[PDB]
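Quick setup: one chain, the form solved without flavin mononucleotide (FMN), written in structure tokens, and binding and motion questions come after.
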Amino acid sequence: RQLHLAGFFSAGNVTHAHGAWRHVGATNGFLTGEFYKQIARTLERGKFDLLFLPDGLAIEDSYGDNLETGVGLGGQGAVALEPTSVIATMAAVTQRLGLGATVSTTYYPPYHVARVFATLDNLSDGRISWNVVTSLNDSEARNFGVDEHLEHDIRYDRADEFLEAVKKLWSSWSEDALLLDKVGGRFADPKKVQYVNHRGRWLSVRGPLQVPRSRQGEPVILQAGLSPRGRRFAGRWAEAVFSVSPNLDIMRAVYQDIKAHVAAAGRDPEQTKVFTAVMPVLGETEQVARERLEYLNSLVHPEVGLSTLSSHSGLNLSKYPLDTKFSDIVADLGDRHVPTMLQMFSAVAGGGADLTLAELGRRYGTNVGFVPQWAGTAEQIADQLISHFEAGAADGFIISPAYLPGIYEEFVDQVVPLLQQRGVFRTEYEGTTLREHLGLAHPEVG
């Protein structure tokens, strides 16, 4: 039984560690092709299952109602390259590594999503995946000139239909439809390419898709949303789920809940892979590791962290002074309208203690609050990865990068070989497609 590894980072300035761009070792090459080529080549060298890019469609604005924090201090989405271009770039220099990107159902039509991913799936010869997102953020909508509004759970119901339409399009070409019979003059079999004529409540798309199926049949569906409604959506469609849990117990709880939602939807739980995020910080000795972690966290500016904390909680904390104790906010708002995640992070952050807004933002900025920072030698990190895996924490891990590209080099050079030697991680790619890497079946047409 073998675990899976995935890479994950913003095509831009910041992922989870909000002081990353400040690290002495950060090249900040996020505007260059070579930076992405290098990361992709490195993860492939480490035989990673996949490298996956999140996406945000606006510079983070909520905190301050202006760009002062986001642009000035390097906040979420300050720089965010269009993800599909980036992964096409990475596909061009790799041949096994799986590649995925977030694309929103909210701002793009089903035909676009269908065709862009079928295209990437063919260009990469079956290595592509799509992270389905359904969010509606104000700054994003204003970038797309959207004015309408749909309730959280309704957006998911709409996404159900979106997925149906996309899957229909992906099946519009039989796997034996393309003929290229030069002599006969038969390009394809028109009986094997069908219109889709999808016309549901939310969406209308005629088809057929202009792109045949890759050798993996269809792109792998990835899902990250862990809301009650999201978990349901995941159980139905998701082939791999990305989760963030601060410790083993929650990891295990999240794991079993996801697997259950999948069984509930009528699907094989073992056909949905569950990854959990960790942020390793290596050192030749444990002491060096801890020292390096301390340095990394010290780079976090309290306000960038607060800015991200605002976005994630929905609460605009720029309204309050930074020295505002969390108490005064509880009382100013009432423990009934204060998002649970906030109260959760708060309790765990200072350990029941009472923190200033500045101090909570600073800590949230280190690891987006809940991503475990593991500091140790490569042997320890490997031991922890293995011990968590055997304990049912997850089927694989998302390695959240402390700084780029350096941390991935260190992880691939130092940790992957220990995992391989222990027999818990591939020494070589067995198949050629992302589905083969994750152990997923080849979906059939229809």
The other form holds:
There are 4 protein chains.
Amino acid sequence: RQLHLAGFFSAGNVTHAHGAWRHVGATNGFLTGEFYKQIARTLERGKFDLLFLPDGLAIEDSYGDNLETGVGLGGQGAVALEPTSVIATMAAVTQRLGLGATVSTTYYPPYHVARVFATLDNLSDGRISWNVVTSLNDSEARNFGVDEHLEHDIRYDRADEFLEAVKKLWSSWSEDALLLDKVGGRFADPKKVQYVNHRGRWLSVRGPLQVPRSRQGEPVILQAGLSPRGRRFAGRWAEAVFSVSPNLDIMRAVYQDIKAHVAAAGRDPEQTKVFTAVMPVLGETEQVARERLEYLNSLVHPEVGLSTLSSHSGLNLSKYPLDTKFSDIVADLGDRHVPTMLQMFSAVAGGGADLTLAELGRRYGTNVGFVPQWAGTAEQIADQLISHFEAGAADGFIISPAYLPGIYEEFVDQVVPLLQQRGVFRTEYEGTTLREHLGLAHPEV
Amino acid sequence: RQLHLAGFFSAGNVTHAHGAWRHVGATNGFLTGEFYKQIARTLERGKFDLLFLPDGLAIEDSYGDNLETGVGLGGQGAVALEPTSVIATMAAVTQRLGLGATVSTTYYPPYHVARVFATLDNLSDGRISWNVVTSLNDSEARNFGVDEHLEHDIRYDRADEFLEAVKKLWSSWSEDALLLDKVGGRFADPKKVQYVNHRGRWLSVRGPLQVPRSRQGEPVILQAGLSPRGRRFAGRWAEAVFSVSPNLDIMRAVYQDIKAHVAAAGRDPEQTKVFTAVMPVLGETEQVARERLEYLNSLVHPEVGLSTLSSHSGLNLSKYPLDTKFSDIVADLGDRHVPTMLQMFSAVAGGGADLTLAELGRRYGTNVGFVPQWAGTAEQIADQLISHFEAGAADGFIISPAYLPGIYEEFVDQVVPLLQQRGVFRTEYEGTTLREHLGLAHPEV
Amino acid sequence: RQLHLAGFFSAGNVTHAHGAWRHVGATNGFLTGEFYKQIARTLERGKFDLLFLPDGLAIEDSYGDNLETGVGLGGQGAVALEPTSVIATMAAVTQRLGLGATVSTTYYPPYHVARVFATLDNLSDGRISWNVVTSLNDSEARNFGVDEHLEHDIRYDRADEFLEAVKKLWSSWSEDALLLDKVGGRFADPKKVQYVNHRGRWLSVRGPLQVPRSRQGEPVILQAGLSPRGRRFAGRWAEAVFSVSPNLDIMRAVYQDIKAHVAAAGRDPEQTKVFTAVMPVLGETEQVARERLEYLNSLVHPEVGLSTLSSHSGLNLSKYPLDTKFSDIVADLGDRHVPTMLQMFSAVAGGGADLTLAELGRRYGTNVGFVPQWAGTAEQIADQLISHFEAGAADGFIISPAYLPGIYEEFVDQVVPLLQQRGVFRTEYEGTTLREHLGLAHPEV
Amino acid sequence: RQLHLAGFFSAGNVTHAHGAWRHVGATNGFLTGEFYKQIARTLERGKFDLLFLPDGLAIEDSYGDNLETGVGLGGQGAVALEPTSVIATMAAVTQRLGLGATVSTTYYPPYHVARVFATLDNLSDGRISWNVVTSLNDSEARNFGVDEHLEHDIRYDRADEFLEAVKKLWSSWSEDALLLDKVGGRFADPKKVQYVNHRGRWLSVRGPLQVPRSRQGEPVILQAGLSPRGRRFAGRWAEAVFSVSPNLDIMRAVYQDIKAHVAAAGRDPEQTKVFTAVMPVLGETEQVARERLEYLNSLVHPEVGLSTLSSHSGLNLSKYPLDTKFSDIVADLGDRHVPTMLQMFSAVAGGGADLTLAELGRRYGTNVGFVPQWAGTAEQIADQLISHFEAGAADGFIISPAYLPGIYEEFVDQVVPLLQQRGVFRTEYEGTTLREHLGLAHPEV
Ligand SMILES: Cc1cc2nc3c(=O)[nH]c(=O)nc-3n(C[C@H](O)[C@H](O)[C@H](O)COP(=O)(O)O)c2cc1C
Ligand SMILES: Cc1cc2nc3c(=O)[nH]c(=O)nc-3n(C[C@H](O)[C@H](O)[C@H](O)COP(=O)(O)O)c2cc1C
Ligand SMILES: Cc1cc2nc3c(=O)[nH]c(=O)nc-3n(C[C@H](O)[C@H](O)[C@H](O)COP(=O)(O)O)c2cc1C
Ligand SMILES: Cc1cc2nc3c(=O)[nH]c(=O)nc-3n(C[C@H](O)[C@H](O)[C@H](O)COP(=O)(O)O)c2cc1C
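Which structure goes with the form deposited with flavin mononucleotide (FMN) bound, now that we have seen the form solved without flavin mononucleotide (FMN)?
The next block holds the full complex; its first chain is the one shown before.
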């Protein structure tokens, strides 16, 4: 029984640790090719299954209506490179590492999505993944500028038709269609390249895709989104799921809930790999590790933290003085109008303590509220990973980076070898495709 | 006074020579990263200014409305990779070569175009170019599933506002906005990052762009489109122009006309570089060159040739038997209703002879009618490039490949050194950016 | 049953074709890393078993005790880079291709040879080869400050002990000696690293080697030397043999002779792979190919060919006039005292005739007298290779380059795919080491 | 006025910190190409002047003529790859970084040293350096099967002629000798390529060298050897000096003495750059750094230090009891029969206390006695480098690695940017050669 490992970070200034760009070890090379090439090569040296990128299309002015926080202090999406370009860059200099990009079904037509990932899948020789998200934000809306705003759960309904359209397109070409018979002049068998002719309620695409199928057949479908409608969506489509849980109990529930949704949709639950995100901080001794973590968490500015907390909760908390205690917010707006997730974050993060908005945002900024921080030696981290795996937390772990590129160098040089020595993580790539690393079947046309 | 050199080929089976995939030397590696990496490194080894890719978003299927000729025999766009992914791949393995991609203003929002190229421009450290095109044909639309028919000249009017929007977005970040002051916690100066708030007749985008400016400020604007409206457009926006002319008389006229449009738009004509395309075929002796050219041209299948000729002429010629002579086509449609390009191509390619459709399509397939074929020794090709340059044909030449990747290995190894010894082509890159190679000024925010 | 392919060229101006540096396509980049990196990456792209380099440690100056000819016209070894440095350079940018260097047993101590190749073998993860040679020439000696005389056959007797010393050194480290037990503080098992204490008639070396064994155990032994003593030496030590024969029948005879020597030495003949050198000249048509061979052969200066002919035959022909007829030299030297190779060359070149030594030197300069020039289409060349292989000419072919880097780009693009489609050449590397490519066993400690 | 930076480490298990291979972060990849490619790319990313490697031609078995200590516990030179091969590997994947290798004048002929470094200088396009050393040890002489023992100072006398011989060889080719006139058939001007025919007291070399001059003319001469005879030697030949001093006071004296010896040799002291070695240990806080230093030092086994200390003293400490008080040991020899370096070191223990032999060996294993360990934050390390530089300690610093590859990643990511912000270290390479980086003149032929 071996676990999977994945890397994850924004093509930009911040991922989960909101003080990361301030870290003494941060190169902040996120505008340069070299930065991404170093990181991709490092994770491949550590035999990672994959690396994938989140995405948002707007700087967030969202809290509360301003960039002065985001841009001035380095909040979420202050810098955000288009993710598919970035992984093409990474694909060019690796040969085994799987690579994923987050693209919303909202903003692009299925033809575009299908061709972009089929192209990347071929260029990388069958190593690509699309992380499917159904987001719609007005600012993103403001940027791409389209306002018909569809309700959260209906976006997933549309996304069902979207995925079907994309997969029809990826099946345009039989895997034996291309002939390249030079002598005879037969380029391809036109009876094995078929029109798509899709017309559903939401979308219309004609086809065929002008891009044949790679050696893994189709890109791997990644999925992120844990809403009840999102888990149903994952049951039907996800081949790997991006999850975040603060502790083993929540990890195990999410795991079993997702595997249940998959089985309920008629699919094999062992063909959907669940990853849970964890943020390790290493030290030669546990003491050093805990001091490094303390240093890391002290870089978070209370307002950048609050900004993200405002965005994730849907409540704008900039409207209040920063010293407002959380119970004066519930007092001021009534418990019915303060999101549950926000009341559950205040209770868990404060431990019963009535915290100011400053301190709540500061703590939220350390780890986005729910990504577990693990401080310890390489041996301790290896142990924790192995025991969570054995307790059924996940099929693999996403390693959320405290600072870049350095943390991945530390994790690969110190933690990966220990995992290999215990026999719970690959010593070498067995196959060449992302499907093979993940133990997924090669889909048929 | 030095000339410029550019590479050009589709990320796919065919560019201008319709027998290229059948050439004994063709690797047909156009689905692999390696193919593109080899070519990009080769052109950088030869100190080329740039390489750019065309694009079409559908298998050309009009003649007449079928997969079978295009796919079966390997016509235009039978395989067509998404071009921006492809040059991202090339950028990761080069450090000087300029890289361009053709993207239509029709099918994407200005926000997308701006973010993709800003990303590539940053990933490549200031080496990227967008080749602006305004196309819109029904099959591509059928894929993007849209009902629109903006008339040709109106597409250019919309493109004016489009470019304006993209350039506003690329000016979101001043070049001194990014601070990365870790000690003070100041990421960036928010007074140097500006909202865009563009609301024009055609488009609306708010901004700012989440991507700072590269060391060359903004991507270089390439343009392709030689219609009277397109030349006006080039006058206003183009920093480099993609042109194709069958002989020196037409090259010089196109040259002077473009430079005139640029001056008429209030811009400096020497800040718009005109490239003209030529298809060289080398041999150790002139005799060897001519036999290789004859071999190359003998690979063109008459029906693939005819397919492209139909698409370009706007006339479906599948309806006729292949042995139909061209004058029964003129009889069948009336001299008035025969597109001018089609009448000029028939007269030029036949030299007055009445040709079958097979033979007309076959000759069109050799060079898309109007790309000059130059057979000779390295010294002769070098001579011809120099004399055309001295005769005011162009500021630079696009080298259309008879077959890939080999032809570029030959060109870089045999012709480039001769140009360098004569002092008309750079022996080494003087700058690091595409603007520096082309001698373009660094634009202000 | 598949054939093997090897590349072979001098790290310098000339290999077998003496007009190569003058070829219009020759880059003459033999002083730069880029030149060697390109060729290695190209031969790896073509799935070649290996690439190796010859060596001489002095500008040939025997004819006529001066460098005016060698240096002035670009003769053998006019430029000659140190070969182990070069293949280290190639190893760094490849991961499958085997890489070999010729080093003479005469000029270096066994410890030095062992350490250099053990190092390269580790650096390349098991892809290195030593081409064993026993040369001793005075100019080389003059350079090394040696005033050593040892007779041809005795040099080989000495080499037997040399090989034995080197192979002991490569067994210094057991393959399980290295522990890297950090926690316990045990670097390596001291009972599995052993002193050598070699004290023989010729050499003494103590050991152990400071370099452990790579994944292929030991560097592959290549050998070049076709003399009667040379074949015995190959019989005992060679794992691969570099041979040259002018036609299939002699190829076949040398082939069986070497396999017989291997069997006579008590070894398995299928564990010594025989390569024979061939010089292909490709053309799209046979006519083009023959014109290209004619062009290439016309670049040879009669005196450079003659210079080389002198060095291989042992007679310095410089003293004679260029119009000295060949039977007038044997008249004044007797059937008894002019070398055997020298007139199996003259007759073969005339096939009957009396030529001036100018003409004899010119013809020798094209292909070093005995390397067959094969001009044809890719299909014909592929046919001939398969046909010679099936006829028992060799286990593999050394592809002698008419000019560099260009000829290898053509061969990999045109001939290799044809071999692969016929199933007689690997479509992909099955293993990672040079031993696995050659189908050699992993030697024991 | 900027300081220079150099990297330095053995191609093997240990450099100065003898517990390094045991460090949790050490990859111990010293047998793989990847390990060296990574370190070299990292130092190039950090704009280092140079990286050079030490060497020994035998496993360190002196204490006590057995390998059980050296091999069993991982003392210095237990694994030691041939250094010229290693830097060739590094040169292939870098384009600016300087690269040097240590080769003894004792064991190789001048022709061999000359050709290897001329070859490397060309492969690297002028970035190479030879670190001149005059060592002669018994284990090493018995691997090369040498039995002549030359007195310490005489080896340096021999070395004087050695360098003249090597520099003569490097002037074999005029920098305008190579012509490559393909049309005229003139390879090179033979009157600009000269025989050497060097015959002095010690050595004889004929020439010419088969390798032309690189872009920087000749390899840079590094030297290491601080005996009085070594410093006179450095005065005459060295262009950069490797020095080690435990504090600013000794640094400054060593600095000024070397500059004087150079002036005394009639050379410009500004044209010989002196480097001093320091071993930094970084932490996010000073507390963290001091702890990481403690961890590092706690990995040192007392006997490996002594194994290594035996050779440096050159006294064999192997059979004195480990708890032998040092002074008591002092007595059999007589204060007069004690090598001094060891003696100051006893002094440099710094407690001036009678110390166990275990304990002297432990401390020596820590930092080779005299390389200062600096623990602190990046700012503190930068400060100390700047303040030492300004106080005239050295023209540049050698950064001795606590553990590899990681410490260089930390150093380049944390300290270099700070040095750059202060303007005391280059933000970018101004030239392409090692001579340009060090501010050395281009020597003429
Ligand atoms: C762990 C995780 C990571 C996510 N990352 C992104 C992301 O990078 N970009 C995005 O648009 N949506 C992302 N989402 C999904 C958003 O929640 C999104 O707004 C979607 O509409 C709702 O997903 P949901 O099922 O959580 O409601 C992520 C969701 C999860 C659970
Ligand atoms: C040399 C040249 C190359 C062109 N390449 C493309 C291309 O690759 N893709 C595309 O959509 N349009 C391309 N075009 C422009 C097409 O003509 C396009 O349909 C546009 O609507 C009309 O441009 P026009 O000004 O030539 O009419 C190119 C035009 C020229 C002159
Ligand atoms: C095909 C072939 C290639 C050879 N290449 C070299 C070489 O590059 N350098 C060298 O010193 N000897 C080379 N030799 C060996 C020389 O002939 C050498 O001087 C040796 O002492 C005699 O080899 P022999 O067995 O052919 O007589 C080669 C031999 C053969 C058959
Ligand atoms: C900082 C430094 C580093 C040295 N490194 C080496 C080395 O790696 N290999 C070597 O043989 N000698 C090295 N030496 C010099 C040795 O002492 C050498 O054996 C020589 O014979 C005597 O040099 P000396 O002048 O210091 O006595 C080094 C010397 C110094 C000062």
